[PDB]
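Number of protein chains: 2
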Amino acid sequence: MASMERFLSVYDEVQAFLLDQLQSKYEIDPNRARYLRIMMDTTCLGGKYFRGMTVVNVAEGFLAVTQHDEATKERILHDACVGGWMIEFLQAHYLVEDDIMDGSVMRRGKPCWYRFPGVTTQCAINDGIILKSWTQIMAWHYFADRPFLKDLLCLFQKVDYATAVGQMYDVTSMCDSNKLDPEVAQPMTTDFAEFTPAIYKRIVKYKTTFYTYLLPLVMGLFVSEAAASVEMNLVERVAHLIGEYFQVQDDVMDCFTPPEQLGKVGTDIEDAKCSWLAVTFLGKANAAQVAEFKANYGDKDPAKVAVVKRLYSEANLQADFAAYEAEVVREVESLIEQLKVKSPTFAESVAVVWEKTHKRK
Amino acid sequence: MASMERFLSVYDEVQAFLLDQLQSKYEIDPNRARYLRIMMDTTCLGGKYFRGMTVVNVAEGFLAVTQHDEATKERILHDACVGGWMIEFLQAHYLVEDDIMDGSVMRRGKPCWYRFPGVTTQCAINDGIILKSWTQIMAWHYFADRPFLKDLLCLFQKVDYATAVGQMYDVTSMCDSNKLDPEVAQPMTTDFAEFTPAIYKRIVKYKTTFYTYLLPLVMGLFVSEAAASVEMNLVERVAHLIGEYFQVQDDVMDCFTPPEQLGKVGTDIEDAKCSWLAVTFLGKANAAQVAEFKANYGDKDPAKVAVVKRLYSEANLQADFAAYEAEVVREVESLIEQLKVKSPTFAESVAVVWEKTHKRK
Ligand SMILES: CCCCCNCC(P(=O)(O)O)P(=O)(O)O
Ligand SMILES: CCCCCNCC(P(=O)(O)O)P(=O)(O)O
Ligand SMILES: C=C(C)CCOP(=O)(O)OP(=O)(O)O
Ligand SMILES: C=C(C)CCOP(=O)(O)OP(=O)(O)O
Ligand SMILES: [Mg+2]
Ligand SMILES: [Mg+2]
Ligand SMILES: [Mg+2]
Ligand SMILES: [Mg+2]
Ligand SMILES: [Mg+2]
Ligand SMILES: [Mg+2]
Ligand code: NA
Ligand code: NA
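Chains as they are written, first to last, in the authors' numbering: chain A, 1 to 361; chain A', 1 to 361. A prime marks a further copy of an entry chain.
Don't take each hint at face value.
Said to hold, decoys possible - Here are the simulated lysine to any residue pairs, SDA-like style, with alpha carbons at most 25 Å apart:
#	chain 1	residue 1	chain 2	residue 2
1	A	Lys201	A'	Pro258
2	A	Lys150	A'	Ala144
3	A	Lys340	A	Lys359
4	A'	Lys179	A	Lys48
5	A	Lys25	A'	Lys150
6	A	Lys25	A'	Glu236
7	A	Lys158	A'	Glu270
8	A	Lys158	A'	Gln157
9	A	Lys158	A'	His141
10	A'	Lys284	A'	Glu270
11	A'	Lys179	A	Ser9
12	A'	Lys361	A'	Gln21
13	A	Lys179	A'	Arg115
14	A'	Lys158	A	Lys48
15	A'	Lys110	A	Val184
16	A'	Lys73	A'	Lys110
17	A	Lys150	A'	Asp145
18	A'	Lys340	A'	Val65
19	A'	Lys25	A	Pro117
20	A	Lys48	A'	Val65
21	A'	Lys201	A	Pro117
Said to hold, decoys possible - The following residues of chain A' were derived to be distant from chain A, with all beta-carbon distances above 12 Å:
#	residue
22	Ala16
23	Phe50
24	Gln261
25	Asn296
26	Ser334
27	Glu355
Simulated from the structure, these hints should not be mistaken for laboratory data. Even for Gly, the Cβ is constructed at its ideal location relative to N, Cα and C.
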């Protein structure tokens, strides 16, 4: 698509601004310039650009209904594109650090950054930190004199923190809360009592929905000067509900989509994740199924994973997924109708964002 | 000292604001609240608070010469204290990630955060990320309506990036630039040609001097409304020169101060660091000393480190340290005299910051 090439053109411009800055102001040499350009490319590119492109789509909606000079249109789209790359590079930061943390081997068809032979955990941790700095550099440089600067930086901060908090929920999810203790090595849960829908929705709301839905949609608004025309409590509710659905699809795929299509080898049973499949499982299983789950879940052992998969498969979790899906379709359409009151244009951009999610892979 | 207790009181207030926010807005539970309170305490407290206290000292200087109401004084000091904790928590973020990266075992008399039995690399990486978020949260909450907000956030950003860039220099310093390549495992240098004063000063300028001297001194200014009364090019030059001296002292100690006094076991010879001692060594050694250095430097082997230490010891690097020190005393006093023209009060706060550094441990 032509729009995605134009989006990528803003990325080249941004990469070129960033590296030229490191050469003229940070005394960087060409080899380290090169190593950071490849790190940037490897960690930021290759995905679908769903988050980044959403910013552009929202602003586009507003430009179709709104009087501007051509130059203002170009300005508005170029800001939406910059803003989008801010979110793509934030994501890039969290995925680098997440793959170190989740013990992961592959992503987007390639080895995780830290697993490249010339990188190692050592560099990649700092590379990830650089990725997020570059998001603030981009903001301060391209939005220097935009009336939305401060609001944009405050919202980005808040989204970044929520994400880090979510990550903390996610990584502490196989542990019993009463056992969390920096002094004592964390033993895996044996009861699985915190594997509940309420806990799962919590984990998911923070680790995924702020940065993948709330941030793109609001940034589209921010860069459009369009925030005072939508109901923000509604933007929050629809973002949190679509992104929760998006995570649930993530979780299903980790288990049941072949690595070839997923392009990232699935580690949820091994890692003992609080996934949608394990929670939904424990919500319908009889006593002996539960006991078999407990003897097997959470271990690298290739045969103990089969047992889990077959439990999941025989429990019929596609029935639960269709009830779940059908109920999300109801609330998402309902929120879309409510956004129509104040903002018909934004409602339609949410409808598009919903449509693309609901159809993914 | 009473001032350090008052500084710590602002920390309790800040910790209490942060955790209460996680409970009322982030749906956090008490066990995870507890785990983050201990993580905060363990990673932020225990040091000298040199950086944080410098902010307070600079503002104090300005309050001695400047007409204010009492309430404005209390406001100004409380901001300086908040600002100081911003720098202490930034440092805390970088040291958590640095100890993962440097392979380190101890710090400030205790095991490095990631080595606590209930933490692990997995959590600590994210804990470190949280530490830096908390610095933006503090800024946005306590400096909400201060005329310096934007300047303070832009300077903090810039300092944070410079630090991350420096870290990248530091971690890539045992590698030959022409060999840096994400695809190929990085072999240790065998020529040590990039172990030069110019390279060392570069590494050091970025990884240490921005966040440890430039940021504290400028933040003192920012919170004082006092920036337009100093020459900023001079603040940059004196900060970069004292902090370089501070790193050189760091490097000497890593080698020659007993672990008991250092409270952090020294890993510079093992890690093959571009330290001041190795550069200064290679600047005076004859041909066979150099060759012995090369056969020995950069290996965990307890006897290969002795050989390096004895080379360092027999080469007489205290002669070079005194010439170095004496020359830093000359330029630092010279910059202090130049800061006197526009700002006698700030000059004296630099003189105090210089004095404390020059006398440390
Ligand atoms: C931005 C925080 C990092 C989490 C992003 N998503 C990673 C997902 P992955 O892409 O690893 O499947 P997870 O939640 O780990 O299943
Ligand atoms: C803030 C960037 C992290 C570097 C801070 N200083 C760590 C020093 P350490 O305290 O590890 O001796 P290094 O430079 O590693 O000798
Ligand atoms: C990180 C997660 C949750 C995997 C889902 O795909 P992405 O979120 O990588 O989507 P794109 O980067 O391709 O838009
Ligand atoms: C991190 C380094 C370079 C070690 C020097 O001491 P600190 O910088 O830890 O000083 P304080 O935190 O005690 O002020
Ligand atoms: Mg994860
Ligand atoms: Mg993951
Ligand atoms: Mg997943
Ligand atoms: Mg280091
Ligand atoms: Mg270190
Ligand atoms: Mg050191
Ligand atoms: Na960062
Ligand atoms: Na952070």
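Do the hints match the structure? See the list:
Proposed proximity of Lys201 of chain A and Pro258 of chain A' is contradicted: the alpha carbons are some 51 Å apart, above 25 Å. A threshold of 25 Å between alpha carbons decides the hint, and for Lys150 of chain A with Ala144 of chain A' the separation of about 11 Å falls inside it, so the pair holds. Between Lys340 of chain A and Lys359 of chain A the CA atoms are separated by roughly 23 Å; this keeps the pair inside 25 Å, and the hint holds. Restraint check for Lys179 of chain A' and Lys48 of chain A: the C-alpha separation of about 32 Å exceeds 25 Å, so the hint is violated.
Of the pairs offered as hints, the one joining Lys25 of chain A and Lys150 of chain A' holds, with about 21 Å between alpha carbons and a cut-off of 25 Å not exceeded. Simply put, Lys25 of chain A and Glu236 of chain A' have alpha-carbon atoms about 14 Å apart, close enough for the 25 Å limit, and the pair holds. Distance restraint check for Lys158 of chain A and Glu270 of chain A': the Cα-Cα separation of roughly 41 Å exceeds the 25 Å cut-off, and the hinted pair is therefore not satisfied. Only pairs whose Cα atoms come within 25 Å are accepted, and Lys158 of chain A paired with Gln157 of chain A' is accepted, the gap being roughly 16 Å.
For the hint pairing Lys158 of chain A with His141 of chain A', the CA-to-CA distance comes to about 11 Å; that is within 25 Å, so the pair holds. Of the pairs offered as hints, the one joining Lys284 of chain A' and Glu270 of chain A' holds, with about 22 Å between alpha carbons and a cut-off of 25 Å not exceeded. For the hint linking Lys179 of chain A' to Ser9 of chain A, the alpha-carbon distance of about 30 Å lies beyond 25 Å, and the restraint is violated. Proposed proximity of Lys361 of chain A' and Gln21 of chain A' is contradicted: the alpha carbons are some 38 Å apart, above 25 Å.
Our distance criterion of 25 Å between C-alpha atoms is met by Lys179 of chain A and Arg115 of chain A', whose separation comes to about 18 Å. For a cut-off of 25 Å, the pair hint linking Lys158 of chain A' to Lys48 of chain A is broken: about 30 Å separates their Cα positions. Proposed proximity of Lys110 of chain A' and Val184 of chain A is supported: the alpha carbons are some 15 Å apart, at most 25 Å. Restraint check for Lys73 of chain A' and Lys110 of chain A': the C-alpha separation of about 37 Å exceeds 25 Å, so the hint is violated.
Our distance criterion of 25 Å between C-alpha atoms is met by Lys150 of chain A and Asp145 of chain A', whose separation comes to about 12 Å. Proposed proximity of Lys340 of chain A' and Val65 of chain A' is supported: the alpha carbons are some 14 Å apart, at most 25 Å. Between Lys25 of chain A' and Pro117 of chain A the alpha-carbon distance is near 42 Å, which puts this suggested pair outside the 25 Å criterion. The straight-line distance between the Cα atoms of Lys48 of chain A and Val65 of chain A' is roughly 59 Å, outside the 25 Å bound, and the hint therefore fails.
Only pairs whose Cα atoms come within 25 Å are accepted, and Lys201 of chain A' paired with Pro117 of chain A is rejected, the gap being roughly 29 Å. Interface exclusion of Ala16 of chain A' from chain A stands, the closest Cβ pair being 17 Å apart, more than 12 Å. Consistency note on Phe50 of chain A': stated as away from chain A, and its beta-carbon is indeed over 12 Å from all of that chain's, at 23 Å minimum. No Cβ of chain A approaches the Cβ of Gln261 of chain A' within 12 Å, the least distance being about 26 Å, so the stated non-interface status holds.
With a closest Cβ-Cβ approach of about 22 Å to chain A, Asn296 of chain A' is found to remain outside the 12 Å limit, as its non-interface label requires. Its beta-carbon lying about 24 Å from the closest one in chain A, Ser334 of chain A' satisfies the requirement of being farther than 12 Å from that chain. The claim that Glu355 of chain A' lies off the interface holds: its Cβ sits roughly 30 Å from the closest Cβ of chain A, which is beyond the 12 Å cut-off.
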